[PDB]
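Visitor: Each chain, letter by letter, is given below.
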Amino acid sequence: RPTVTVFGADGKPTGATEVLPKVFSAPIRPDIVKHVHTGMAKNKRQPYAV
Amino acid sequence: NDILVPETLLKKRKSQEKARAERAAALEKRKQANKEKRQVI
Amino acid sequence: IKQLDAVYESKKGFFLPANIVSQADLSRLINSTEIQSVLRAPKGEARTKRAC
Amino acid sequence: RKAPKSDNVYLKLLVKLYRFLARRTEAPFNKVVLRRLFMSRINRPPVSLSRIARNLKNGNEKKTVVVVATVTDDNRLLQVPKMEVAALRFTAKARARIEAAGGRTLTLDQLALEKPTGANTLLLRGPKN
Amino acid sequence: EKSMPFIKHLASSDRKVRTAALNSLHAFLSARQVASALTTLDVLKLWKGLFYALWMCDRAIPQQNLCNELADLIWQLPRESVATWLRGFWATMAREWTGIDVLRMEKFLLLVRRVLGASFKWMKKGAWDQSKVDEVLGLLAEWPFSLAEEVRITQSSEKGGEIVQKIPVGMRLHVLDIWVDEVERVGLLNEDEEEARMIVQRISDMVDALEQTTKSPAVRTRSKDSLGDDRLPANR
Amino acid sequence: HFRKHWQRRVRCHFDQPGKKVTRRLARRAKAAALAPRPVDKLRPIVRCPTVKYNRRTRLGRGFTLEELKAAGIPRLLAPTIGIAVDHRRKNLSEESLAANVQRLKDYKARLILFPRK
Amino acid sequence: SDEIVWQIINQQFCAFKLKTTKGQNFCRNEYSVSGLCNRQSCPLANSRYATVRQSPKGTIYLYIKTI
Amino acid sequence: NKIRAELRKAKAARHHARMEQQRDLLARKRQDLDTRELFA
RNA sequence: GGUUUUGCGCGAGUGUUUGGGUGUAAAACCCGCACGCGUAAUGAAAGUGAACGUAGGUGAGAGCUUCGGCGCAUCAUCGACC
Ligand SMILES: [Zn+2]
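Chains as they are written, first to last, in our numbering: chain A, 28 to 77; chain B, 75 to 115; chain C, 202 to 253; chain D, 191 to 319; chain E, 5 to 240; chain F, 18 to 134; chain G, 2 to 68; chain H, 1030 to 1069.
Any given hint might turn out to be false.
[Said to hold, decoys possible] Going by beta-carbon spacing under 8 Å, a handful of chain A positions derived as facing chain H: (1) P29; (2) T30; (3) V46.
[Claimed, not checked] The calculated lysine-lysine pairs, modelled on DSSO-like cross-linking and capped at a C-alpha distance of 27 Å, are: (4) B:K85 to E:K219; (5) G:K18 to D:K206; (6) D:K202 to C:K244; (7) F:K69 to H:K1038; (8) D:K192 to A:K61; (9) E:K49 to E:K12; (10) F:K69 to H:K1031; (11) A:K69 to F:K36; (12) D:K202 to D:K192; (13) D:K272 to D:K247; (14) C:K244 to B:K85; (15) D:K247 to D:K318; (16) A:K69 to C:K212; (17) C:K250 to B:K103; (18) C:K203 to E:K12; (19) A:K39 to E:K20; (20) D:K206 to B:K86; (21) F:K58 to F:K37; (22) D:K206 to D:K192; (23) A:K71 to A:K61; (24) D:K318 to D:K283; (25) E:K170 to D:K283; (26) E:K228 to E:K170; (27) A:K61 to D:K195.
The hints are simulated quantities; they were obtained by calculation from the structure and are not laboratory data. Ideal placement from N, C-alpha and C gives every residue a C-beta, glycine not left out.
Input sequences plus hints: build the corresponding full structure.
Guide: Laid out in structure tokens, this is it:
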């Protein structure tokens, strides 16, 4: 799909359209997302020890 | 305003038309071969 | 949205990856005129009748 | 086998396609490509631009080079000939150097539409160990 | 150059905008001086927008009459640019054949049938103009039924480059299945009139030469089925 | 090499973001006091010593007394206008002298100097 | 991407799934013809879909989804 | 000491040939129909 | 800290996270220079340094084929060079 429609503050389209970036056509890889999100959730952690 | 048949379904119908005719022709050849096989044994 | 094309062109060491498949619709791959023209006849059906 | 070892959802897409093609076509090209999809990454060594040129330099020109592996660039190959390569993956240097020579880059699903029986294809793989 | 302020409205998500964009494209082809200056780049922008016009079409009845409207654009053009118009459509279809989904493929297969039907109907006034049959058949010999696997757009010079387009086998197979009944619709299959067998013959030799010279097993089987149709004058 | 008591001399770095923000607030507090002034001082272009690093230059410690004199910058005013001085370094070559004098004239062109009181 | 959606839906997470221990899985999505989660009846993973629903006033409608 | 000299010259030359590689491969990196510009 | 295998990312390169920039503030995002490992080997050393044959011939060999022949990886042998 080439373009997307812009909606104003009233929820109605304003007639302006913009092209979609190529990042929206990237591959969807749930293994890469799971591999990174598993590790990214660790980097917020705070050490504990007895 | 008559909704035309999809072109993908037209060429699927044509292959199914050929496949049904081939099966019907092979069934008649199988039936004649079975009759001759019966008289042999 | 206009910025989104720019920020992915400015990350060094990274290009937008190329997918290993071009068309991700399997039904367009298999139920196509190119593949179905060269296929054999089916050897059987989804339901197989019990002979004995 | 029974299940691909890869976690790539598009590699499972290709296994689904080539399972159908290996079952419903007499061509052993589809059976060989399906076997090499199930193989691990070490058992699919990378194939260089220099290696696909030598297997092209004979009368095997004008054939679709098929390498079910990644394609890497060789810096020692000064000039790249015109060539159509279908592979799993291409590096940025390799992809640019086929396109600079006037060649074309295909994926394996684009191969299945064009040459489903594997007609006029040169199948290659890289050096083991 | 030319001003083309309506292509971006062809791909809009609103049907009223797409209908208004089609009308501006209709009037743009009616401009006789502009359409006399139509070159191969602007018809490629035009058909790219018209491809997305059909790519945004919603239901079956709006799809069928949109396919009729895009085939009806062949008459609004002047005579000298019908070839370059029809070159641009087959270039767009070749370029964007693989990346159509299944549910959108049916209306695009209808568009090839309608454009091929309108092209064959444009052959009429010998009851067929020999100059007009030559361009529509030579284009049949270059995009769908080519002995070559690639088509070069534009020439090589210091003022520009070239565009290389590979011909998908699916377009070859689709035109093979629909060429028999399209010449049936215009009336080429009547055995009485002297000219009619000549166009039917030299179409059929150009696909027989495709059956002998090709290397794809799909085309060799399907060209034999197209020649083996029971409506052809040879097999009758 | 776990022959000694490694457990009683192990240092962990959970304060690495904490030291980073402390470091940025030290640079912030340095420019709070020296508000129009920059946060650093001028350092000369210096050639790395060994044959492994002959072909790369870096920032040194301070300018030669001959480098201040050729650029017209006085030696007892140079530390007050943000130029580091090093009396240990010598030129030994015209290329090291010409590169650093040109650096001092470029600093002189970009400089805004304010009149005392 | 209709198949790629289905692989994410079937094997990672779907907010409409109800996994029972009785050898069958259920779809809680209101636009599904059968309550079961399979490839045929998942409306999210089928771009073309149909569903029959009943209104509070008593009217029965047919719903159509296109690509 | 001529042995120790060429050992120092050996690892200097390996380092220098490594950096010329990085420059050469960086130089290798240097050598109207699109949707983004048509629909803009 | 080593080692084997599976997946993944990039690929003759790879590794942001010492540090700097930044922030909705121990998160996330960005990277200027070096550095580690790899990308040519051998000899104790001086040091030297990868083409005579489509980087070679022959025979197998997956796959392709205009049915004439092309021939992946790999192996055997005869070679070629350092
Ligand atoms: Zn579901």
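Visitor: Each hint should be assessed against the structure and marked as holding or not.
Guide: These are the hints, each one checked on the structure:
1. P29: holds, 5 Å
2. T30: holds, 6 Å
3. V46: With Cβ-Cβ at 5 Å, under 8 Å, it holds.
4. B:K85 to E:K219: Roughly 23 Å between the alpha carbons, so the hint for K85 (chain B) and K219 (chain E) holds.
5. G:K18 to D:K206: At roughly 25 Å apart (the allowed maximum being 27 Å), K206 (chain D) and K18 (chain G) satisfy the hint.
6. D:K202 to C:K244: holds, 25 Å
7. F:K69 to H:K1038: It holds: about 8 Å lies between the C-alpha atoms, which stays within 27 Å.
8. D:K192 to A:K61: holds, 24 Å
9. E:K49 to E:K12: holds, 10 Å
10. F:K69 to H:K1031: Holds: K69 (chain F) and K1031 (chain H) sit about 18 Å apart, inside 27 Å.
11. A:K69 to F:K36: holds, 20 Å
12. D:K202 to D:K192: holds, 12 Å
13. D:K272 to D:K247: Holds - the C-alpha atoms of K247 (chain D) and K272 (chain D) are around 11 Å apart, at most 27 Å.
14. C:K244 to B:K85: Holds - the C-alpha atoms of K85 (chain B) and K244 (chain C) are around 21 Å apart, at most 27 Å.
15. D:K247 to D:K318: holds, 22 Å
16. A:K69 to C:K212: holds, 25 Å
17. C:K250 to B:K103: Given pair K250 (chain C), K103 (chain B) holds - Cα atoms ~22 Å apart, limit 27 Å.
18. C:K203 to E:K12: holds, 16 Å
19. A:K39 to E:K20: holds, 15 Å
20. D:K206 to B:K86: Since the Cα atoms of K206 (chain D) and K86 (chain B) sit roughly 22 Å apart, the hinted pair holds (cutoff 27 Å).
21. F:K58 to F:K37: holds, 22 Å
22. D:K206 to D:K192: Satisfied, since the Cα-Cα distance of roughly 11 Å is no more than 27 Å.
23. A:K71 to A:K61: holds, 17 Å
24. D:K318 to D:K283: Measuring from Cα to Cα gives roughly 23 Å; hence the hint holds.
25. E:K170 to D:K283: holds, 23 Å
26. E:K228 to E:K170: holds, 23 Å
27. A:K61 to D:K195: Holds - the C-alpha atoms of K195 (chain D) and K61 (chain A) are around 17 Å apart, at most 27 Å.
The structure shown violates none of the earlier numbered hints.
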